[PDB]
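Shown below, as structure tokens, is a lone chain in the form deposited without this ligand; questions about how it binds or moves come after it.
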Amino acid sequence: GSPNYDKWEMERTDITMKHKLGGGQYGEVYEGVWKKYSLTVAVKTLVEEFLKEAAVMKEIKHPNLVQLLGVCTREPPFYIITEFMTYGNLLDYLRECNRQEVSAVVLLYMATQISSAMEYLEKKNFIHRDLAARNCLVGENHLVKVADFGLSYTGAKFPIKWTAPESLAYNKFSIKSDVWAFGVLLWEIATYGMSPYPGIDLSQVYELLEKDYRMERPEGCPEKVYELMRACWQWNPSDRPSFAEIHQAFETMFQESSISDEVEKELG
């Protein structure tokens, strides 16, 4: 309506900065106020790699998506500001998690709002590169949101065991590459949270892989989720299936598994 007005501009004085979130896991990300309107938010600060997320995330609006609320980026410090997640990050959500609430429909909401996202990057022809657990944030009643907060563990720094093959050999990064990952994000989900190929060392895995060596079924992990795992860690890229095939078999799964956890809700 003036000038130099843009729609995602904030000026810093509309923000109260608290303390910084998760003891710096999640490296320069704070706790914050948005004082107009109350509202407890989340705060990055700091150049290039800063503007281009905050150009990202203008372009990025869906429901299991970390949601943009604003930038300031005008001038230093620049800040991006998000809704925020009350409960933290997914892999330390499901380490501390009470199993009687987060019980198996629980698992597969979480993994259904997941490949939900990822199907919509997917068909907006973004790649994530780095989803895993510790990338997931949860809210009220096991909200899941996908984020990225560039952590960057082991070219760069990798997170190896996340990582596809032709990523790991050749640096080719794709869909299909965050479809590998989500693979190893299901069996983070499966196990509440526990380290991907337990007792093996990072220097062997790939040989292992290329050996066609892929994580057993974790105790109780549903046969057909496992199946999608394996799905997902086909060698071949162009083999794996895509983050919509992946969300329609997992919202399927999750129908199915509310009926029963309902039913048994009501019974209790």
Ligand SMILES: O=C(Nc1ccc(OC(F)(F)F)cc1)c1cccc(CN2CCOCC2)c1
Second form
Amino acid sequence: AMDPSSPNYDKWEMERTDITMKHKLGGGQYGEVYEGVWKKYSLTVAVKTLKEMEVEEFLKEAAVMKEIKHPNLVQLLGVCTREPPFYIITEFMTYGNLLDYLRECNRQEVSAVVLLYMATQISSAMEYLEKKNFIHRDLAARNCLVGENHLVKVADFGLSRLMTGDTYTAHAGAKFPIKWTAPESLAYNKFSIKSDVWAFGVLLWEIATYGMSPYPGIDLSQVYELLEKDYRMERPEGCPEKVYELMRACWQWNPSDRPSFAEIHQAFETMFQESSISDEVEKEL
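Provide the structure of the form solved in complex with this ligand, given the form deposited without this ligand shown above.
FYI, this one's just the chain on its own, none of its partners or other molecules.
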């Protein structure tokens, strides 16, 4: 099986024994994900397993990750799926999730230039997924990771029934993150790359505020109705007008009127080619 000679060969399949399983990750906030070590590489990894009908979504997540490779998407390193317990192994990201990272970070270090950089990296991963005709479905700061030198990667932790609190709430027989969810997704169950664009705009606001909770002090039962009547979050303090214009574009009612990720990414790279975000932020302020 493990030998290139076999018909049953999969390059992604690895030796379970090759990995030393340590403790659960982030105190359990990610479910059955464990810090690990790849012995031979002396490399920390993150290892997702199954806890005791649920097999095929896990195997399909494995299937999908084999299909995608981007600098800004968390990288599959291997699998153990020949026999239970099934593993999915990715790289481990030193600074953990972007949401907590934003709230806990030193702001002298994580300045406007670094925030812009973080938003840019995310838009590139999304450009890639756009181009490969994938949809993310739960784009948000809580689903991104941060490594060395402000490297940001887009992940998908499957958080809807793992996260405690009111982030995800019951809607349509399932748990939605209501404050990140595009109107057509809440109203008509319509999910697409353009509804990832809406969530990206909310993600952008999370970056701009250092991970404040969106629509702060607004009841969830009121979000759709406000949105339908053209309400949007106001420009965060310090936010350059152009970045806010970009947020406003992502939050078009009609999905078709939302920029594609390629255009979003193109705007980040253009927006400050001749003027620094630092000057704009200080101007705003």
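Here, rigid core means the biggest group of C-alpha atoms that superpose within 1.5 Å across both forms. Numbering follows the first chain given and starts at 1.
Here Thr16 does not count as shifted, since its C-alpha moves by less than 2 Å between the two forms after the core is aligned.
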